[PDB]
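So the chains spell out like this:
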Amino acid sequence: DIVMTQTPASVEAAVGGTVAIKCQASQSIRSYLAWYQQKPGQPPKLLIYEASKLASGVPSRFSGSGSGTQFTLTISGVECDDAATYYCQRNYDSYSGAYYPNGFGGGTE
Amino acid sequence: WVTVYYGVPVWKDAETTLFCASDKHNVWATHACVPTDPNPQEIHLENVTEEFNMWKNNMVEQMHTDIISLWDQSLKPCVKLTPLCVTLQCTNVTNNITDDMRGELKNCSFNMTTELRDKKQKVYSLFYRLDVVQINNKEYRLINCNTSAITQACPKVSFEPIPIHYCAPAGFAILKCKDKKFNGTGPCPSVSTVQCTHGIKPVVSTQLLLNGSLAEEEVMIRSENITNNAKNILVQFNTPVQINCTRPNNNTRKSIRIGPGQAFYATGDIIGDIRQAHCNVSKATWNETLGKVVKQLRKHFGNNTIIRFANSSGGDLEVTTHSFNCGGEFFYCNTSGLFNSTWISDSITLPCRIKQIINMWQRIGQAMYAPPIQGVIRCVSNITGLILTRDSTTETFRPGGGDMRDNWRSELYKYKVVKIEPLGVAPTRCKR
Amino acid sequence: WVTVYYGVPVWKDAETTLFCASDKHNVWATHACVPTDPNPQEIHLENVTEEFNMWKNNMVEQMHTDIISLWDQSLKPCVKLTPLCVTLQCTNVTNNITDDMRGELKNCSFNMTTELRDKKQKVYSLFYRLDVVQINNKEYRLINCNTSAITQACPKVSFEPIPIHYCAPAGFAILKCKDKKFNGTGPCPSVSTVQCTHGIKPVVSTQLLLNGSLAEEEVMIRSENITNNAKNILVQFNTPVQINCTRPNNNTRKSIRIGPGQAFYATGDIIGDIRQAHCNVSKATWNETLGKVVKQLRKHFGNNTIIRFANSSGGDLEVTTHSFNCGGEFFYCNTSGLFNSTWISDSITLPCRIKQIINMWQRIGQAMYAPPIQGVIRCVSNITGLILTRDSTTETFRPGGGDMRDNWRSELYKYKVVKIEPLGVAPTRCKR
Amino acid sequence: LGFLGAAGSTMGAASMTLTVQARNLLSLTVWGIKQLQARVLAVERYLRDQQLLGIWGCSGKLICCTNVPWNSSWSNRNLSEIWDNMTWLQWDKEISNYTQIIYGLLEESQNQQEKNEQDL
Amino acid sequence: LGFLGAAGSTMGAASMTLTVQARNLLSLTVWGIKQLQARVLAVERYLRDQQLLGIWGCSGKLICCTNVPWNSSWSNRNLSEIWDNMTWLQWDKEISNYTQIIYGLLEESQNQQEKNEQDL
Amino acid sequence: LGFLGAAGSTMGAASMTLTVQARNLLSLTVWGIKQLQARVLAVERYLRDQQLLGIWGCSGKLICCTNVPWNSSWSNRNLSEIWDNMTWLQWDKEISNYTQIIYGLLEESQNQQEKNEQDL
Ligand SMILES: *[C@@H]1O[C@H](CO)[C@@H](O[C@@H]2O[C@H](CO)[C@@H](O[C@@H]3O[C@H](CO)[C@@H](O)[C@H](O[C@H]4O[C@H](CO)[C@@H](O)[C@H](O)[C@@H]4O)[C@@H]3O)[C@H](O)[C@H]2NC(C)=O)[C@H](O)[C@H]1NC(C)=O
Ligand SMILES: *[C@@H]1O[C@H](CO)[C@@H](O[C@@H]2O[C@H](CO)[C@@H](O[C@@H]3O[C@H](CO)[C@@H](O)[C@H](O[C@H]4O[C@H](CO)[C@@H](O)[C@H](O)[C@@H]4O)[C@@H]3O)[C@H](O)[C@H]2NC(C)=O)[C@H](O)[C@H]1NC(C)=O
Ligand SMILES: *[C@@H]1O[C@H](CO)[C@@H](O[C@@H]2O[C@H](CO)[C@@H](O)[C@H](O)[C@H]2NC(C)=O)[C@H](O)[C@H]1NC(C)=O
Ligand SMILES: *[C@@H]1O[C@H](CO)[C@@H](O[C@@H]2O[C@H](CO)[C@@H](O)[C@H](O)[C@H]2NC(C)=O)[C@H](O)[C@H]1NC(C)=O
Ligand SMILES: *[C@@H]1O[C@H](CO)[C@@H](O[C@@H]2O[C@H](CO)[C@@H](O)[C@H](O)[C@H]2NC(C)=O)[C@H](O)[C@H]1NC(C)=O
Ligand SMILES: *[C@@H]1O[C@H](CO)[C@@H](O[C@@H]2O[C@H](CO)[C@@H](O)[C@H](O)[C@H]2NC(C)=O)[C@H](O)[C@H]1NC(C)=O
Ligand SMILES: *[C@@H]1O[C@H](CO)[C@@H](O[C@@H]2O[C@H](CO)[C@@H](O)[C@H](O)[C@H]2NC(C)=O)[C@H](O)[C@H]1NC(C)=O
Ligand SMILES: *[C@@H]1O[C@H](CO)[C@@H](O[C@@H]2O[C@H](CO)[C@@H](O)[C@H](O)[C@H]2NC(C)=O)[C@H](O)[C@H]1NC(C)=O
Ligand SMILES: *[C@@H]1O[C@H](CO)[C@@H](O[C@@H]2O[C@H](CO)[C@@H](O)[C@H](O)[C@H]2NC(C)=O)[C@H](O)[C@H]1NC(C)=O
Ligand SMILES: *[C@@H]1O[C@H](CO)[C@@H](O)[C@H](O)[C@H]1NC(C)=O
Ligand SMILES: *[C@@H]1O[C@H](CO)[C@@H](O)[C@H](O)[C@H]1NC(C)=O
Ligand SMILES: *[C@@H]1O[C@H](CO)[C@@H](O)[C@H](O)[C@H]1NC(C)=O
Ligand SMILES: *[C@@H]1O[C@H](CO)[C@@H](O)[C@H](O)[C@H]1NC(C)=O
Ligand SMILES: *[C@@H]1O[C@H](CO)[C@@H](O)[C@H](O)[C@H]1NC(C)=O
Ligand SMILES: *[C@@H]1O[C@H](CO)[C@@H](O)[C@H](O)[C@H]1NC(C)=O
Ligand SMILES: *[C@@H]1O[C@H](CO)[C@@H](O)[C@H](O)[C@H]1NC(C)=O
Ligand SMILES: *[C@@H]1O[C@H](CO)[C@@H](O)[C@H](O)[C@H]1NC(C)=O
Ligand SMILES: *[C@@H]1O[C@H](CO)[C@@H](O)[C@H](O)[C@H]1NC(C)=O
Ligand SMILES: *[C@@H]1O[C@H](CO)[C@@H](O)[C@H](O)[C@H]1NC(C)=O
Ligand SMILES: *[C@@H]1O[C@H](CO)[C@@H](O)[C@H](O)[C@H]1NC(C)=O
Ligand SMILES: *[C@@H]1O[C@H](CO)[C@@H](O)[C@H](O)[C@H]1NC(C)=O
Ligand SMILES: *[C@@H]1O[C@H](CO)[C@@H](O)[C@H](O)[C@H]1NC(C)=O
Ligand SMILES: *[C@@H]1O[C@H](CO)[C@@H](O)[C@H](O)[C@H]1NC(C)=O
Ligand SMILES: *[C@@H]1O[C@H](CO)[C@@H](O)[C@H](O)[C@H]1NC(C)=O
Ligand SMILES: *[C@@H]1O[C@H](CO)[C@@H](O)[C@H](O)[C@H]1NC(C)=O
Ligand SMILES: *[C@@H]1O[C@H](CO)[C@@H](O)[C@H](O)[C@H]1NC(C)=O
Ligand SMILES: *[C@@H]1O[C@H](CO)[C@@H](O)[C@H](O)[C@H]1NC(C)=O
Ligand SMILES: *[C@@H]1O[C@H](CO)[C@@H](O)[C@H](O)[C@H]1NC(C)=O
Ligand SMILES: *[C@@H]1O[C@H](CO)[C@@H](O)[C@H](O)[C@H]1NC(C)=O
Ligand SMILES: *[C@@H]1O[C@H](CO)[C@@H](O)[C@H](O)[C@H]1NC(C)=O
Ligand SMILES: *[C@@H]1O[C@H](CO)[C@@H](O)[C@H](O)[C@H]1NC(C)=O
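Chains as they are written, first to last, in our numbering: chain A, 266 to 374; chain B, 362 to 793; chain C, 362 to 793; chain D, 38 to 157; chain E, 38 to 157; chain F, 38 to 157.
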């Protein structure tokens, strides 16, 4: 039913360099992708919602875009507070018509 | 090279005639409707999109003319009250009343035809103030004497709503959209196919929408054009608000023969005290529900917009009050007790009036006389939504309403009728 | 040896039900008629002959019953004037008249029911002499009081003719004959096929045929039997003759309530002088046209036959005068001013009368009351033909007419309905 | 030529217009109710012709050949004369009174060949 | 998948559900008279589609192959693209304006092969 | 024998009267409106039976043979007994409750052979 694959596994960069993480889907989830940041020992922090909007409390270094079945999370520069894995969450159910946070793909640093 | 295929799963938008399915000679002739298909199968369509437009949906027009036609057919074989349009001699009902009912009921005497053509009788009955017009104790006429015919509704035909399902003929299909964020127009991806819709109750009301479907994901606000102040806004609640209405007076009824084989039902006397009709709404529920509507309504104006609900706009009762049809009575309730707040950053009692002469479709044509009902009426119902209209930091909304080809519009917004076209061709590598 | 073919181009004579196609709730319910096929294709049939008989053509019978049924349905949901059949007290209209109108209009007062059953009012109206019958100032009755019900035509339903096209159902076809010398019967070689005919205007008239089709090659004279003096002769002109008719008086109208929701339209007073209604025909055109008819008419009698048109035969107005329906008024014009010549080897004015109570189909049944029309009526129309009947060197012809299932007979003479029969067999030299 | 364009044409030549005629055979006020009568009639007539072709083993064809012999008593003419010097209207009149004979023979001859498939 | 279940599916894959859609195409008060209108309409539409298949020589088949060549001007695509990467709704839109061309070619091409049986 | 003349006859013998029954299946006052109901009903029933024969690949035949195997669990009888010592009314009762099984098998088995023509 729900296919979500995060592909650029195990990517890291030196402070001042940049990174990006991307996810693909077999079903369109246009403008309904959420991104999370999980630091060890913490619950995931919401970073980006509806593909490109930042959540309150999210630093300006975070951004991203996408549509359809292709989406990317980008970091404008590493500030040494990026010690987290990131996750892709689907916020649209194509069978029920509801828009709730069902299903994850992810695990990339 | 050319291969012809038959049974290809494609369609075009189309308009066809729909027929009903459903399930004691009630007003919509539901006994003449075909039986439903029990446990009908709904089929989800994967990888499709479709566009909908609830403001251009011809299913609304058919429901509109079906209900009117049925209303008129059902009232056709009923006694006419023409002989009743006489000079009435009336006095006030004062013997057992509260002050709020002073002047509301009148005691009218008149000279009416007996079954024999050459004899007359002196009879009297009670009437509600709104059905009686003063000519010059005092002389009166019924409100419709200089405008239309009055037909008494048949006492055996009930009016409570009965679900009616609309079914497509073979070759046609109905596409139902489940997108729970759908605003009434444009692409709506969660499409499934049914052959016949669920039942819709043909409830007729103004301002408040009673006994309809509920929203789920959020309160939905829909309009043809948000920025056009000439348009209505339909608000669909995701939770019901409960109301309780009462007569509350204990009425009696008597029959008067007015010709061979025909009789008029007159309001008789009243047992016990005479009190004003009224409706109660839970206060806390109304308070919370309205706040939800405002939060969502603001998304189309800004987070710095103040929302005020003011009061009813003014005019004839049919468009200023809450027209409520229940128990066989016609209520006209005062909603100013509900829409009285400004949003920045116990029970509510609504006094209500009763009429017996009803112009149901806001047209000049035959009027219906509602016969009296004995005993005491008690109604319980769900407010499922409401109609608002809109009038530099404050926006003003008012109950408005009164439009027909509305209300049902909030039930049929989910459906579109399409025509199946089984033939098509494509190239391949075969030959005969 | 036997081969079966399907789609073989053959047919048999047949009778089926025809439906119409056409193009504000007029008398023929044309809004209920299907849309026409724009630019329909006419297909000429080479190397065929067919026989026709316009006197046995069942398309006439269907047009006859369709028009009558529509007339009656359209007048059904209209106010009845039963309460108007009362003793009238009348005097003559004399204040502003010419001598030709003296005695034509009467001023009648009467006691009529108000919307209240127990009250009456004194009202008056004007009536034309032909609608009022003396009983013994003087007491009168309306002409239909001892014969039938009178129904007022609904003021919103117009009567001017609207072309109606007759269409065959699939499997049937209409054969149209173009032979311009066709006399109504027998072989007619120039045959073409259409699916639906051109429009025919449902004009109702006597003596003169108005707004029909024209002949081309010659004036056509057709009859079932030329030598049978009991039959009518239909003459079709190849050129129109223009006529101009007028009220000419400036009328007013007033409404009288006669019961709840119902009103009678009474003729009010008249503005300016009262003059006689009349029709004008161009004189030179009539003079030349009649001569053409005579030249052709003589071919069936001999070159030594004298043709006389005498005068109208006598009887009730419906069969002695020119019944003309125009502007919503019913005219009965004196045609003796036209048919006054003997043929051997400016404008014409025809005085005309007006009636309001009309027995449209020459039957005893419901009569129609034509409501008054305000202002002044002006009519322009084309005479496309006429009806003659025939009474030892001189033959006498008279306007005659009055028959129904006529008039339309001059438009439908060109068409026959046939049934297509696609299957047939023939021998050949194949086997399976 | 158009619908019935070949009606006056030679029977042989007219066989190429069979498509044209077949193509045009299938489709509470005064002008209202007549449309149910018009549509029901068109459908019933269409189906009766298809039913006969089905029974005779001619389903799906404008032209079908069968194994029923021609009995010369129905028309004592050769093939050159009817196919080249006659129209379909004329032919239909000439053998109209044998229609019911031919049809009975055509249907019996089909069932007789269905039983022969019992062996395959 | 059920009726129209394949509507969003690949054109090739969807050919195996042709049975499912074909199977569901055929069937004086307010709720009374509408049933004659509903039934007459369903019948006429069913029959018109069957009539065209009959005329083109496709009677009795969900899939029929004919000898009309494909004119690339109708759609300049290869077969891999339309059968594997397109749905039927999309295809129908792309060539909708040539429908009347294809149909005229299909019927003429059938009559042209009926005359060829004159020799058997 | 006439219409239904073979109703009490042996199933085998009765196969030769299939033509007779098929031939008779197809066609605002009190006695008026009932005729639209009578005609619409006759047409719909006729067409539904033809539709099923079309789908199963039996169009145009009174008798058609297919490749669906007989599952003996439907009726544990041999052929001699049903064809020689039973009538059609009796047979219809015996296997009436498997009708929907047979029909599903018959239609799937037709589409499975249409795809096999992709190679010709
Ligand atoms: C919204 O939905 C609710 C729930 O369905 C609906 O409330 C119900 O209305 C019906 C009809 O008014 C009530 O049924 C009546 O109950 C009384 C008390 O027992 C009976 O006496 C009544 O019987 C008389 O009337 C019948 C109809 O004319 C006659 O056939 C009979 O012989 C008697 O004369 C009748 O059974 C029902 O009790 C309520 N339900 C509740 C919980 O109150 C409400 O009306 C709907 N909203 C709108 C606007 O319609
Ligand atoms: C033979 O054909 C001619 C040409 O068509 C036809 O003459 C036309 O008749 C119509 C209808 O009587 C005339 O139309 C009227 O014109 C007047 C003047 O402008 C208008 O006031 C009229 O409007 C009123 O009436 C309408 C109908 O009831 C209402 O809908 C409207 O609201 C008004 O109350 C109306 O438009 C038309 O002008 C003439 N044409 C000519 C050239 O005179 C003639 O009647 C036909 N012969 C017969 C026997 O019918
Ligand atoms: C309406 O008026 C009638 C007539 O006056 C009242 O009926 C009378 O009531 C007295 C008792 O108070 C009886 O003695 C009379 O015999 C009754 N007359 C008739 C004709 O019935 C009636 O009570 C009044 N109704 C109301 C609500 O005030
Ligand atoms: C008012 O709203 C309530 C709540 O949705 C309705 O009660 C539900 O009715 C459905 C259908 O019978 C049941 O499946 C639910 O379980 C009921 N919910 C609860 C909480 O009891 C109630 O029927 C509505 N009233 C009217 C008149 O429509
Ligand atoms: C028909 O008769 C009535 C009644 O006599 C005439 O109406 C009167 O006209 C005079 C003026 O001449 C007024 O002073 C009266 O008040 C009118 N009476 C009413 C009841 O309206 C009417 O004019 C006559 N009509 C004709 C055509 O002669
Ligand atoms: C009276 O006859 C004239 C002459 O035939 C009609 O005028 C013709 O109308 C047709 C159709 O609109 C035009 O194609 C011709 O060009 C017109 N001819 C001329 C000379 O103008 C006229 O319409 C007829 N009047 C009525 C009421 O039918
Ligand atoms: C009407 O009949 C004439 C013969 O009288 C047909 O003319 C012949 O047409 C064929 C071609 O189809 C030619 O080979 C012949 O030479 C023509 N005959 C003559 C004498 O010239 C004519 O085709 C027929 N019309 C129709 C529509 O079939
Ligand atoms: C909706 O589209 C998806 C592709 O985006 C389809 O998924 C493919 O299904 C086929 C089998 O039919 C597999 O072989 C492919 O590997 C799948 N693709 C991917 C990316 O996983 C899906 O089947 C379509 N839905 C429908 C009903 O046809
Ligand atoms: C009714 O049943 C009888 C048997 O009880 C049938 O008679 C047999 O008919 C066949 C020919 O069809 C003969 O070969 C047998 O010898 C007959 N049996 C006997 C015992 O004589 C009879 O035909 C059946 N009726 C119908 C209409 O089928
Ligand atoms: C009846 O009601 C009128 C108001 O419409 C009031 O003026 C009058 O005084 C009342 N009569 C009695 C007896 O109360
Ligand atoms: C009935 O008619 C008489 C006539 O004399 C009148 O006095 C009386 O007031 C009328 N009664 C009623 C109730 O209208
Ligand atoms: C009489 O008609 C007027 C409108 O002209 C309306 O306002 C009034 O209420 C009517 N009265 C009655 C008794 O019909
Ligand atoms: C519904 O949403 C679409 C965007 O998906 C927007 O273009 C359209 O105007 C909205 N309709 C209304 C009535 O707000
Ligand atoms: C409404 O509430 C009041 C108390 O404020 C109570 O007396 C009355 O009976 C209630 N009415 C209804 C219909 O519930
Ligand atoms: C309506 O009446 C029921 C009892 O029948 C009561 O439980 C409910 O609270 C009342 N609702 C309101 C809004 O007063
Ligand atoms: C109830 O309404 C008042 C305004 O009269 C508002 O201040 C309050 O927040 C509302 N309560 C709820 C729960 O919405
Ligand atoms: C509320 O609306 C009613 C009906 O239009 C009106 O009579 C009343 O005066 C209004 N009240 C206020 C405070 O505006
Ligand atoms: C509603 O009640 C108010 C009093 O709070 C009153 O002024 C207003 O006129 C009433 N509305 C109607 C329509 O009677
Ligand atoms: C609206 O609220 C005010 C208090 O803010 C109160 O005085 C007024 O009576 C209320 N209006 C209605 C119709 O209840
Ligand atoms: C009305 O009063 C009568 C008196 O006999 C009583 O029997 C009946 O139950 C009362 N009805 C109600 C609803 O109170
Ligand atoms: C009224 O007309 C009659 C003819 O029907 C005539 O005898 C009488 O004298 C006329 N009366 C007047 C006042 O002109
Ligand atoms: C109306 O009735 C009275 C009864 O006295 C009679 O004198 C008068 O003449 C009548 N009027 C008319 C116009 O008929
Ligand atoms: C009365 O009937 C006779 C026929 O018996 C008729 O001549 C006369 O005109 C009729 N008068 C009225 C007013 O109906
Ligand atoms: C029409 O002409 C034919 C000759 O072609 C003739 O036999 C027939 O009698 C004529 N019909 C009439 C009514 O004159
Ligand atoms: C008829 O002609 C006369 C002149 O002789 C003229 O006065 C009159 O107005 C004309 N009438 C019409 C309807 O043209
Ligand atoms: C009819 O009136 C027109 C002007 O509208 C005029 O040109 C024409 O000559 C008149 N016809 C006759 C026969 O008087
Ligand atoms: C006009 O009629 C007279 C007879 O009154 C006739 O002598 C004359 O020839 C006719 N004129 C024309 C052009 O026909
Ligand atoms: C002409 O016919 C009318 C109507 O039949 C008649 O009244 C008149 O006397 C006749 N005139 C002549 C001169 O015959
Ligand atoms: C026609 O006018 C003449 C006078 O020329 C007259 O004698 C005749 O009676 C009138 N015809 C009719 C039907 O009134
Ligand atoms: C017929 O013509 C003569 C002259 O020959 C004339 O005296 C007579 O009045 C005319 N008749 C009519 C009705 O015009
Ligand atoms: C009739 O007279 C009125 C007088 O006010 C005038 O306005 C109108 O135009 C006149 N109508 C005609 C057709 O002369």
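Just so you know, these hints were derived from the structure itself, not from any lab. Honestly, I wouldn't trust all of these hints.
Below, computed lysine to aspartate or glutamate pairings styled on DMTMM-like, alpha-carbon distance capped at 25 Å [unchecked claim]:
(1) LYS792/C x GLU81/D
(2) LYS417/B x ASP460/B
(3) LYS152/E x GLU118/D
(4) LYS562/C x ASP479/C
(5) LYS373/B x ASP433/B
(6) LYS385/C x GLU422/B
(7) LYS656/C x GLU782/C
(8) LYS660/C x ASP752/C
(9) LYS539/B x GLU374/A
(10) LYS780/B x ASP86/E
(11) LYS130/D x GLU412/C
If you draw a straight line from the CA of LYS417/B to the CA of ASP460/B, is it 25 Å or shorter?
Since the Cα atoms of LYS417/B and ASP460/B sit roughly 50 Å apart, the hinted pair is violated (cutoff 25 Å).
Below or equal to 25 Å on CA atoms is what counts here, so check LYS562/C against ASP479/C.
Given pair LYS562/C, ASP479/C is violated - Cα atoms ~48 Å apart, limit 25 Å.
Is it true that the CA of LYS539/B sits at most 25 Å from the CA of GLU374/A?
Given that 25 Å is the threshold and the Cα spacing comes to 37 Å, the pair is violated.
For the pair we were handed, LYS373/B and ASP433/B, check the Cα-Cα distance against 25 Å.
The hint is violated at about 35 Å.
Would you mind confirming whether the straight-line C-alpha gap from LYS780/B to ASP86/E stays at or under 25 Å?
14 Å, holds
Can you confirm whether the C-alpha distance between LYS656/C and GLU782/C stays at or below 25 Å?
Violated: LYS656/C and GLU782/C sit about 45 Å apart, past 25 Å.
25 Å limit on alpha-carbon distance, applied to hinted pair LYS660/C and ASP752/C
Given that 25 Å is the threshold and the Cα spacing comes to 18 Å, the pair holds.
Given the proposed pairing of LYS152/E with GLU118/D, does the C-alpha separation stay at or below 25 Å?
19 Å, holds
Please work out if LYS130/D and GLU412/C have their alpha carbons no farther apart than 25 Å.
15 Å, holds
Is the straight-line distance between the alpha-carbon of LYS792/C and that of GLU81/D 25 Å or less?
Roughly 31 Å separates the two Cα atoms, so the pair is violated.
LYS385/C and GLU422/B were given as a pair; does the straight-line alpha-carbon distance stay at or below 25 Å?
20 Å, holds
Violated hints, in rising order: 1, 2, 4, 5, 7, 9; the structure is consistent with all others.
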